[PDB]
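Q: For chain C, the structure is supplied; the task is to place chains D, A and B with the ligands on it using the hints.
Each chain, letter by letter, is given below.
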Amino acid sequence: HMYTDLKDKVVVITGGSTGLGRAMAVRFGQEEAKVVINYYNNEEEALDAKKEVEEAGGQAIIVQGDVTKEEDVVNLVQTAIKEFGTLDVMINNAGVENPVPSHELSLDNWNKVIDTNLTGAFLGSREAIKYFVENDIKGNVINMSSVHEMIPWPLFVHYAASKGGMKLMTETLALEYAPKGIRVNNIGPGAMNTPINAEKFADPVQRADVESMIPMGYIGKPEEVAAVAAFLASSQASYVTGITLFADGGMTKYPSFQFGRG
Amino acid sequence: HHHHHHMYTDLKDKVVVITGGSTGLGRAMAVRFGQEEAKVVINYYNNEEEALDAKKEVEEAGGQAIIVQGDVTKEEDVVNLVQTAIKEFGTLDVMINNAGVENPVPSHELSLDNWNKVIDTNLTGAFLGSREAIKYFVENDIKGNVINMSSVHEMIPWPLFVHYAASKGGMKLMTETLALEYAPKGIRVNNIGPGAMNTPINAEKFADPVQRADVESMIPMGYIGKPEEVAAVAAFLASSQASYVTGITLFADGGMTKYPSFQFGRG
Amino acid sequence: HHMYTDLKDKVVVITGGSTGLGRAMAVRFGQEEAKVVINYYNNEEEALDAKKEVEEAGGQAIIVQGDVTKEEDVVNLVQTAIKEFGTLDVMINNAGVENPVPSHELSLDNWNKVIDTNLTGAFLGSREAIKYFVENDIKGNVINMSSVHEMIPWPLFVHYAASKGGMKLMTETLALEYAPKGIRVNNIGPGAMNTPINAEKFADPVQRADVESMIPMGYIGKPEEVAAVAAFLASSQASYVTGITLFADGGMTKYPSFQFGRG
Amino acid sequence: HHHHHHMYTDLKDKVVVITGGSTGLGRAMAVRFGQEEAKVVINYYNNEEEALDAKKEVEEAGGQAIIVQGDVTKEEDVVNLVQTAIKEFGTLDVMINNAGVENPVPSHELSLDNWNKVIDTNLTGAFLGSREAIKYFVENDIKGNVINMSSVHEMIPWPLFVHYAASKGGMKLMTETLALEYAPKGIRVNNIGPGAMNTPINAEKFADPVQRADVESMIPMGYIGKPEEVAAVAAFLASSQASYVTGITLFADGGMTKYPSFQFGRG
Ligand SMILES: NC(=O)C1=CN([C@@H]2O[C@H](COP(=O)(O)OP(=O)(O)OC[C@H]3O[C@@H](n4cnc5c(N)ncnc54)[C@H](O)[C@@H]3O)[C@@H](O)[C@H]2O)C=CC1
Ligand SMILES: NC(=O)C1=CN([C@@H]2O[C@H](COP(=O)(O)OP(=O)(O)OC[C@H]3O[C@@H](n4cnc5c(N)ncnc54)[C@H](O)[C@@H]3O)[C@@H](O)[C@H]2O)C=CC1
Ligand SMILES: NC(=O)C1=CN([C@@H]2O[C@H](COP(=O)(O)OP(=O)(O)OC[C@H]3O[C@@H](n4cnc5c(N)ncnc54)[C@H](O)[C@@H]3O)[C@@H](O)[C@H]2O)C=CC1
Ligand SMILES: NC(=O)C1=CN([C@@H]2O[C@H](COP(=O)(O)OP(=O)(O)OC[C@H]3O[C@@H](n4cnc5c(N)ncnc54)[C@H](O)[C@@H]3O)[C@@H](O)[C@H]2O)C=CC1
Ligand SMILES: OC[C@H]1O[C@@H](O)[C@H](O)[C@@H](O)[C@@H]1O
Ligand SMILES: OC[C@H]1O[C@@H](O)[C@H](O)[C@@H](O)[C@@H]1O
Ligand SMILES: OC[C@H]1O[C@@H](O)[C@H](O)[C@@H](O)[C@@H]1O
Ligand SMILES: OC[C@H]1O[C@@H](O)[C@H](O)[C@@H](O)[C@@H]1O
Ligand SMILES: [Cl-]
Ligand SMILES: [Cl-]
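Protein sequences appear in the order of chains C, D, A and B. Be aware that the first sequence starts at 0, since it is given in the entry's author numbering, and climbs by one per residue. Be aware that the second sequence starts at -5, since it is given in the entry's author numbering, and climbs by one per residue. Be aware that the third sequence starts at -1, since it is given in the entry's author numbering, and climbs by one per residue. Be aware that the fourth sequence starts at -5, since it is given in the entry's author numbering, and climbs by one per residue.
One chain only, chain C, in its complex shape:
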């Protein structure tokens, strides 16, 4: 396998049983990592993910957790440390979204997205970093952001806001913990073939519409993001902290200005 330094590393992944979280889990499995798959409620799906990691050449457990509950996130990290003996890479990937005209957006609906996407990642990051600090481990944190930490997103102001906050949260943590060798980075995916986009990509007109907004011309395969994660988690990225590495087929470069329009 590609990243030899990733062998036997303990990697926790929130939302690790579907879409991007699962591609990441599998890829860390391919690197002979020990993967801790957090899941919200679909245990049968998490078990399939667990199997895939093992099949790929890694070790895997599954831990139920709601990233909006502090006790759950504390449990999630404690379990990784107890079961595998340490923690090396923390991946806050869990996130949700839904379209609502902004002036019509309820506080409850706003809160759900902030709590899940932003505060969820803070809690994970804090628990991981607490462990690295207490134990002198030059650990790693990867937060799953989006092109929407840069690209504003009407009807998804809660989402955009959550990712914007994630950006400064990551950059702050990276700066604060850099002198201890703790690296903190975001990945910013573009439009990806995952369950979050399942209904949208079912409609051939909407799918064609999303594609027209991707300069590279195709919706991303989840393994393309998993590749980014493996790089960032690895010692290949030893001098890289505080960044957002966009994997977006050109989305953040303003797709409407193609061909010299404007």
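Hints in this document: simulated from the structure, not taken from any laboratory. Ideal Cβ placement from N, Cα and C applies to all residues, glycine included. Honestly, I wouldn't trust all of these hints.
[Claimed, not checked] Straight-line alpha carbon distances no greater than 20 Å define the calculated SDA-like cross-link-like pairs of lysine to any residue that follow: (1) A:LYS179 with D:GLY216; (2) B:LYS220 with C:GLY180; (3) D:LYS6 with D:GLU222; (4) D:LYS179 with A:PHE258; (5) D:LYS68 with C:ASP107; (6) A:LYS179 with D:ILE218; (7) C:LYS111 with D:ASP107; (8) D:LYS6 with D:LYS81; (9) A:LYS220 with D:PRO178; (10) B:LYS6 with B:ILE60; (11) A:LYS129 with B:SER105; (12) C:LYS129 with B:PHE258; (13) A:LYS111 with B:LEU106; (14) A:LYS129 with B:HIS102; (15) D:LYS111 with C:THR67; (16) B:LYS220 with B:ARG206; (17) B:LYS129 with A:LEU104; (18) A:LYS68 with A:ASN110; (19) D:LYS179 with A:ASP208; (20) A:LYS220 with D:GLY180; (21) A:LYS220 with D:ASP4; (22) D:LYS111 with D:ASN196; (23) B:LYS111 with A:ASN97; (24) C:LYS111 with D:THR67.
[Said to hold, decoys possible] Anything over 12 Å on all C-beta distances counts as not near chain C; from chain B, calculated: (25) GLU31; (26) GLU42; (27) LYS50; (28) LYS68; (29) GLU70; (30) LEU104; (31) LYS111; (32) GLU198; (33) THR240.
A: For chains D, A and B with the ligands alone, coordinates are given in the frame of chain C:
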């Protein structure tokens, strides 16, 4: 009396709501919109005689003003603020979401309670404020204006203040999104990003002459900002002089976002 | 009487000052009763028309010929402003050019023309003004005319994009370097504006509507809306504002294709 | 022979052109691509012996190398480089524009000649290289790759180095434009943004122990980067591991762009 010319004639009689409007930057803004003959609604949290002191100044500067108690983390208080303004003055023209808090905690030691108070105040309160105003603007075909009080820390990361940094980074994307969502209605939404300003949020810090000097050493222009320098920016952004300006963050920071340590060709 | 009382009798130099945004700024500074030095490349009568507009608006004005790609022309321009009006207060580097070319087919000469005018021109202007400000303890002001394309990449206009991207870091550097002296240096980033740079494009009704479809606010900007930004930046109202790019773009930098929850 | 493992199998036999390939970051990239069993075209300015040494290192690490003299400010020399890569190896896969120069001058003192040398070398040179590679890629339907060596100074302003900073900010928008322009053909274009690195560009500066420590104090990770740390990013960006990655600047800077002065909760 109209015994002096004012800079932005289009601001005269405009209804301007300002959260945290009784102190620091909020008060400086309140006073400035008064100077332009605006109808200022000063929101405050607890100190009523402070709020009344500010209402006095808005009037003495040439504006109209009411004070309204409200906690921006409380949804009904935000709805009430916007409702009070429309009831008392007949409309709403400019929403200024300025209330905010901060405190230093090593991030690995930051409690959810503490994180949440900062996120709820700084970011969520600004969303609520913005939502209420834009709701009103939309239902009445008013080309209204929102100003959110961000910081240099929507760009500058801030160790020991990870919650504050996150709240301001969220406000950026919130503001930018609203700006884009509502641009076709001519509703403009913008951030201001102050650097170190001489206000109560910094009073403890600035009382210590070594820290005061340290903060100044991080300001390329070499002095801590006067609150009226920020209000000058809000007055501009709120006015029709900024008609083509939406979705921006206007930093008023004496050069802080330009990386103070790289002066003199260091690095 | 006018908006920014502190702009009265300030000496303001404007490259490309005879057309488009340049002319709109010249007239606006005239309304603020400033002394405007209109630099122009080679249309003397248009520059004379612009001078007449400044004066009527309530300012003073001179016209000075100069090619911003020539160091001696830029030196002469600043020197002329000082000799004629006595000093220099605001340097506006606004001259710029563009043309579409597939990047893999773009000639070096063409690359160079756009780079030298748009970026190196603004450097020369900025350097000359700052040199004067520094030698004479003046708290002067520099405004460089950038574009949304210091942030929005622009296929077929790679030379232009590169020029504005460079101008961004140039301005930010100078602002940092000279802030301790009270010299403010800022960019303006306009979106699509109604000027001669876009005349041929906007005479074509399909292209015109296509550009308008990329402006969230729904209209091509009027030059006066950019001049309003310049007046604000030059004035003491912006006393604490340096090193920024103030986009005036009707929302263009916000990604127009992401409206309506697309993506 | 393939007697040892390497990380990126898809880089095997890829043709990789590196300007300034004989020293510093260029040399580390040349070698790393050699470790990946690539075919490396080492462009060099005037020190032939040093280039031949670099050639030897690449071969010893497991690659093929040739050396091509060329001044990146000369159109014909850049054209020659690409044509020589294509003639000698049969194709071109990865174009790396890495040559760059700098020198400290107070900005109001900086000569046109000195400004032009830096702009022509750093920005224009990178344009010509990117143009020639992309021309070839387009004519032959190759899904090629361009890596331009930028700097933290495409984001961090740099007094005394205004020419260098402009050149890198210009590179940012050039790279992002090209990436947008040629993404539909599957040609990927990216920048690397290194922080302070241990190379000949910083040699005089780092031999001064007080400047050395001063620079270190501005790097949050606490150390001057090793050149192979940038090489690692280049290997990544060039591989199909980065298949969905284009138009980006990947900063490898030990945290420099995160504003080193705001550590410890200062400001
Ligand atoms: N797929 C895309 O196009 C893009 C999505 N990404 C981000 O990637 C992340 C993963 O989403 P995808 O794999 O795309 O779709 P997904 O919907 O399959 O993944 C989201 C995962 O988070 C979990 N989750 C939701 N709430 C939770 C909670 N309270 N506690 C614990 N887990 C919870 C879900 O059960 C699910 O496993 C999200 O953060 C999303 O914002 C961002 C950029 C592009
Ligand atoms: N002064 C500075 O150096 C900078 C401050 N600004 C921002 O400007 C804003 C105002 O702060 P300053 O005037 O500087 O200091 P300040 O502390 O005097 O102002 C904050 C105001 O918000 C109010 N507030 C706090 N919690 C509230 C709540 N839950 N509901 C309603 N109001 C509440 C306070 O009563 C106070 O009036 C803040 O958003 C801060 O983030 C940001 C950049 C720099
Ligand atoms: N109109 C638009 O949509 C936008 C244009 N702006 C910028 O505005 C600036 C002015 O252009 P516009 O007024 O829009 O169109 P314009 O073409 O009327 O203005 C360009 C001016 O620069 C002058 N100029 C060109 N080469 C020169 C040289 N070598 N020496 C001296 N002067 C020279 C031209 O004669 C002309 O007066 C340019 O820098 C352009 O990049 C940028 C953003 C938006
Ligand atoms: N070392 C550092 O701290 C950083 C440097 N990088 C960039 O990395 C690149 C390489 O520099 P380093 O390896 O660090 O130092 P270096 O000085 O060893 O490398 C520069 C190379 O460019 C070549 N070169 C200069 N002018 C040339 C010309 N006209 N034609 C052809 N080749 C020419 C030199 O011969 C030399 O091989 C530069 O573009 C630099 O701006 C940027 C960020 C950090
Ligand atoms: O806009 C591109 C993508 O942004 C992501 O953050 C969202 O999760 C996707 O639903 C969307 O397709
Ligand atoms: O860092 C500069 C300033 O940033 C602001 O956002 C904070 O409110 C101040 O406490 C601080 O002095
Ligand atoms: O400031 C960080 C580094 O920036 C690079 O672009 C320069 O080439 C180096 O000389 C400098 O040390
Ligand atoms: O794309 C918006 C505008 O950007 C400006 O920099 C160009 O000069 C215009 O021709 C263009 O319409
Ligand atoms: Cl800094
Ligand atoms: Cl777009």
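Q: Can you give the numbers of the hints that this structure goes against, from lowest to highest?
A: 23, 33
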